[PDB]
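A.B. asks: All chains should be built: construct the whole structure from the sequences, respecting the hints.
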Amino acid sequence: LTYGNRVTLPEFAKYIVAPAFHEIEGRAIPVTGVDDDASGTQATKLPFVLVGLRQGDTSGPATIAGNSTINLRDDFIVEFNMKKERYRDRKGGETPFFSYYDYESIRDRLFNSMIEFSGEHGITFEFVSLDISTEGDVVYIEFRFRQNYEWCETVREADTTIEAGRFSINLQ
Amino acid sequence: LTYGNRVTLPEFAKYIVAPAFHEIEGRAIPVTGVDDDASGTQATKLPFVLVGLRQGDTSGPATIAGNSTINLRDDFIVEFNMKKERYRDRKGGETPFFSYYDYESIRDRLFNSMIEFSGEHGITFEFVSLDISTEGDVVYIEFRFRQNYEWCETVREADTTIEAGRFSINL
Amino acid sequence: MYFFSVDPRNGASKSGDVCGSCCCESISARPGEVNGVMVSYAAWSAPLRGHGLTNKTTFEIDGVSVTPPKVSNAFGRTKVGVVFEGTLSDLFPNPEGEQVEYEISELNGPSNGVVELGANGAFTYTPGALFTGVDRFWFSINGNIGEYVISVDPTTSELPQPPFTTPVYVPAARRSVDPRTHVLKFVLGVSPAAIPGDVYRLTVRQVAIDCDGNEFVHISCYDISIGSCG
Amino acid sequence: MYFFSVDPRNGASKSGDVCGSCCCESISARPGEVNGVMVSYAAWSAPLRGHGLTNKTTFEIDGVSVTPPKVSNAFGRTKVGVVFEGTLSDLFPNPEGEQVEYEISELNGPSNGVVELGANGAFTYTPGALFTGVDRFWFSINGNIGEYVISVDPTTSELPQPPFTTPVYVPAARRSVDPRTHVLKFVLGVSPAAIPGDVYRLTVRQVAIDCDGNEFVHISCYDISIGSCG
Amino acid sequence: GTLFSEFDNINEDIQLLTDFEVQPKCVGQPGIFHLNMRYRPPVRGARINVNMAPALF
Amino acid sequence: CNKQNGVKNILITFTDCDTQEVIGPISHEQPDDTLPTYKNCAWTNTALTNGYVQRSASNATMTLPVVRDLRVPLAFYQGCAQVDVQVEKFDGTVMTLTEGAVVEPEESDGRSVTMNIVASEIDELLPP
Amino acid sequence: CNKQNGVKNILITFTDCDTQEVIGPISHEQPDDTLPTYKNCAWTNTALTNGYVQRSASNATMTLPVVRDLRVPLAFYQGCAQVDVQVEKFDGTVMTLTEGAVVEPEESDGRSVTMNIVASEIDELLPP
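Residue numbers (PDB author numbering), protein chains in the order written: chain AT, 5 to 176; chain AS, 5 to 175; chain D, 1 to 230; chain E, 1 to 230; chain q, 442 to 498; chain AV, 3 to 130; chain Ae, 3 to 130.
Please keep in mind that the hints were generated in silico from the structure rather than gathered at the bench.
We put the CB at the ideal spot given by N, CA and C, even for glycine.
Please note that the accuracy of each hint is not assured.
Here are the simulated SDA-like pairs of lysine to any residue, each with C-alpha atoms no more than 20 Å apart in a straight line [unchecked claim]:
no.	chain 1	residue 1	chain 2	residue 2
1	AV	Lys10	AS	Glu124
2	E	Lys185	D	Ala46
3	D	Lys185	E	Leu107
4	AV	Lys5	AS	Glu98
5	AV	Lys10	AS	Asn152
6	D	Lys56	E	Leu107
7	Ae	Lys10	q	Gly442
8	Ae	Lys5	AV	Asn47
9	Ae	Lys5	AV	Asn52
10	AV	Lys5	AS	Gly126
11	AT	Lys18	AS	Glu98
12	D	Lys56	E	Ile104
13	D	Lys56	E	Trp138
For the chain AS half of the interface with chain AV, some residues (derived, Cβ under 7 Å), not all of them [unchecked claim]:
no.	residue
14	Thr67
15	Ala69
16	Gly126
17	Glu154
18	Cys156
C.D. replies: This is the structure in structure tokens:
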């Protein structure tokens with residue numbers, strides 16, 4: 005993977021979410037913004053997970069001076085689109101669509117995958133907030149992570165000359 | 005360049021943005037406000053980059069007294085307009101317009117151009133935030149930079165007199 | 001490839017003259033090599049806003065430490081197609097009494113023929129068929145290096161005599177100048193017989209030109225130090 | 001290219017360096033070089049609101065050190081196309097007894113002919129065919145540098161005699177003045193007969209012009225220090 | 442103090458006149474960083490000419 | 003005028019005071035926005051009475067925060083290695099220091115140290 | 003300048019009373035903020051009764067702390083060689099003492115000695 009001290013969202017989706025929950029058949033989509041288009045990102049068959057950058061930001065010092073430890077922070081959000089499934093008891097009863105949905109399993113498995121990836125590569129994320137909201141028969145579970153890193157100047161080129169030489173003089 | 009300790013927009017757009025990406029044919033347009041007009045600033049062909057001042061502010065001491073180190077802070081933003089291009093996969097496959105766009109290369113090489121310029125002249129900028137947002141077939145990549153400097157008194161004129169000979173009455 | 005930046009003959013150079021220095025530049029050379037040298041007259045010809053340099057450069061070679069050779073050189077003549085014979089003993093006047101280990105280096109051998117060295121200072125040179133020109137080959141008599149020149153004739157009358165190339169030389173016509181960037185290029189050839197430790201001096205006289213066709217002369221100096229193993 | 005600024009004599013307020021009276025500006029020069037000098041009278045002529053400078057300048061070169069030459073210079077005459085012969089032995093009156101290494105430097109050879117130096121102070125100058133003018137060449141007798149000038153005539157009567165160019169000289173008409181920027185340009189030529197260590201003095205007289213056509217004279221001085229890297 | 446005397450103006454005597462700019466990237470040869478420094482040997486003792494003036498009370 | 007305050011280059015040379023082996027000069031990077039501090043005069047003063055003052059001898063100090071270079075041991079920053087430092091600001095100033103000695107080591111975390119260098123004299127080169 | 007209480011130069015010249023060799027005059031540097039202390043009057047006084055005083059003979063004393071110069075042996079400071087000391091303050095005063103003798107040496111660590119010099123008479127110069 006690129007960026008030895010960091011991850012890009014495609015890598016996040018295909019390495020931390022895809023090897024995780026298998027009932028999504030590898031449908032981990034990276035988008036521009038998780039709310040940029042709701043008419044198109046509501047078509048993929050359930051269940052599917054979106055990953056998109058919320059806002060790129062700093063973590064303290066960010067002046068661009070060739071040597072100042074440019075610190076960075078990207079805020080992205082991971083949303084599960086999962087299908088709620090009512091239970092039927094034969095006796096003629098049902099569970100409403102507004103019943104409680106066990107997300108705790110989802111957070112558990114997501115965090116275990118993240119911990120394993122960190123322990124493999126030494127890259128860790130910050131958990132910020134968790135929001136759950138339903139619509140029709142689909143529940144939206146939106147994790148908002150945050151990741152700090154330092155931007156490594158790339159130019160890293162060759163360097164003018166190579167010195168050597170000497171010569172002196174003691175004038176008048 | 006004017007303003008030895010600063011770089012006015014036009015100079016930013018033509019010396020930092022232009023020698024960067026060659027896919028914008030130097031279409032780094034300096035505008036007054038980034039949202040001053042959305043019906044006119046959407047005619048230039050894709051891709052292209054705008055540069056415009058958001059708001060000018062201070063950085064602490066700002067009194068205007070001839071000698072107080074008037075400090076100033078100009079908050080401007082750089083908006084990329086890049087044409088999204090879907091990937092076609094013969095078999096009736098395509099990638100929707102909401103697929104992820106790699107802004108990382110953009111940020112990287114823009115920062116590189118800024119670093120080279122800073123090394124060439126000793127002028128540094130502050131990064132504040134990065135926002136992306138799409139619309140139809142266009143992705144807007146919006147950087148917000150902030151630049152500190154000190155404003156110099158320009159008057160710098162000739163002196164009132166030149167002293168010498170005085171006078172004296174020690175009665 | 002050597003690259004030199006010329007004195008701008010402005011002023012700061014050598015604090016005017018107070019300093020002086022101007023000790024001639026250094027050029028390390030190895031016997032047998034053929035290197036290239038470039039000199040940038042820009043720092044001198046850029047203020048003289050005009051038509052740059054001209055193709056009127058001049059060189060000179062003089063030895064400040066030569067160590068005259070022990071073995072002498074030799075010249076021979078033959079016709080086309082006919083084999084040539086020669087000896088290799090009368091070229092080494094030895095003051096002391098010692099043995100003569102004749103040798104022909106495979107690196108600096110002939111170019112259009114084949115040489116079979118005899119057992120006692122003899123050699124047979126078969127020239128290349130269907131060829132007429134000059135040929136050279138470098139022998140190593142008891143370590144001391146010398147050259148043997150052969151002139152093959154086009155069977156009619158005779159060929160003239162080559163000038164027995166010097167230890168250090170600059171090719172006749174391999175110099176050039178780019179008036180757009182004020183750079184003079186030339187070649188520096190070192191014979192395989194140049195003795196290590198010797199020092200030669202090369203002086204370069206380059207003439208620029210103004211906007212109306214007048215001249216501006218400049219002279220510079222370098223020391224070629226013939227060293228061994230680099 | 002030397003670049004000098006003039007003392008503007010505005011108030012003559014130029015804090016002397018206390019000790020360091022010299023007011024002439026220093027100019028280093030090497031035997032054989034032909035350099036260019038630019039002097040900016042802008043500091044003195046710009047307050048004088050008028051038509052700037054004019055090309056009616058004047059120069060003079062009075063020596064300071066001389067170190068009189070050892071070998072004398074020589075002059076010869078010949079017709080067009082006909083080969084010329086000459087000697088080089090009566091041109092070096094030696095006080096002491098030593099040998100005479102006659103030598104003709106390749107850098108300062110002839111310009112329209114060829115010179116074959118004999119074995120002992122003799123030489124044969126073959127001028128280039130279809131040519132009629134003057135030619136020069138600089139010999140080096142025992143290190144001492146002297147010049148020989150030859151005049152080839154177009155077979156009719158005779159050619160006049162050139163003035164035996166001096167150690168330090170300023171070309172007749174190669175100077176110019178830019179009234180738009182108050183800049184005077186001239187050439188400084190040092191003949192190969194210059195002796196290292198000597199000092200000459202060049203005094204320049206430049207005249208500016210007012211709005212009505214009068215004159216404003218300005219005089220400056222420079223010390224030409226002939227330095228040499230040999 | 443030991444090797445030489447106090448520089449009158451150290452930012453004039455010392456000068457590290459380089460040429461690197463000329464050197465183009467199309468060649469590697471570095472090393473022309475000539476340095477020219479002035480010299481004024483440490484001042485010493487010399488004639489201390491004295492003038493005694495005998496007198497009485 | 004007075005171009006932006008801030009540091010541009012920081013050079014450090016380590017010499018172990020036991021084996022006399024030298025490392026550097028290596029560059030470094032500021033860990034934050036703060037800048038190094040200085041004191042050049044080797045003579046501190048003390049407030050006497052009635053305007054007078056006692057001029058005693060003292061040491062030129064320098065406080066400098068840097069990010070630890072992951073090829074130099076941390077001991078070389080904590081005061082187990084003689085250091086020679088050089089700083090260059092944007093406005094053209096440069097501050098050089100030779101035979102420095104890290105005094106009063108402060109506990110660090112392994113990625114950002116604050117060295118209190120003490121030297122005999124610090125030299126300037128006030129910009130052109 | 004005026005109003006600066008402090009030492010500027012300390013010259014010491016050692017002469018061995020065994021081999022008659024001479025070393026100096028070598029300059030020295032103060033080890034701390036303490037200044038050399040002096041007493042010029044070569045006559046001590048003692049308080050008798052009713053305003054009188056017994057004026058007896060005594061010596062001229064001097065107390066001088068200096069950093070040992072790493073070329074002169076330590077013994078030359080501990081009272082094994084005759085010393086010739088000469089001090090100058092910032093306000094112009096310069097005090098000279100010749101053929102002194104270090105009396106009652108104190109323990110030292112090798113880098114900062116405190117000499118109690120005794121001599122016949124010290125001269126002052128009293129800046130103009």
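A.B. asks: None of the hints should be skipped; say for each whether it holds.
C.D. replies: Hints versus structure:
no., hint, in the structure
1, AV:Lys10 - AS:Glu124, "holds, 11 Å"
2, E:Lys185 - D:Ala46, "holds, 15 Å"
3, D:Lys185 - E:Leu107, "holds, 19 Å"
4, AV:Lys5 - AS:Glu98, "violated, 53 Å"
5, AV:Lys10 - AS:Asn152, "holds, 16 Å"
6, D:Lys56 - E:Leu107, "holds, 11 Å"
7, Ae:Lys10 - q:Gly442, "holds, 16 Å"
8, Ae:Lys5 - AV:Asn47, "holds, 12 Å"
9, Ae:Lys5 - AV:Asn52, "holds, 10 Å"
10, AV:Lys5 - AS:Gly126, "holds, 8 Å"
11, AT:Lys18 - AS:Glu98, "holds, 19 Å"
12, D:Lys56 - E:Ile104, "holds, 19 Å"
13, D:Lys56 - E:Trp138, "holds, 18 Å"
14, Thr67, "violated, 17 Å"
15, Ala69, "violated, 16 Å"
16, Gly126, "holds, 4 Å"
17, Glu154, "holds, 6 Å"
18, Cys156, "holds, 5 Å"
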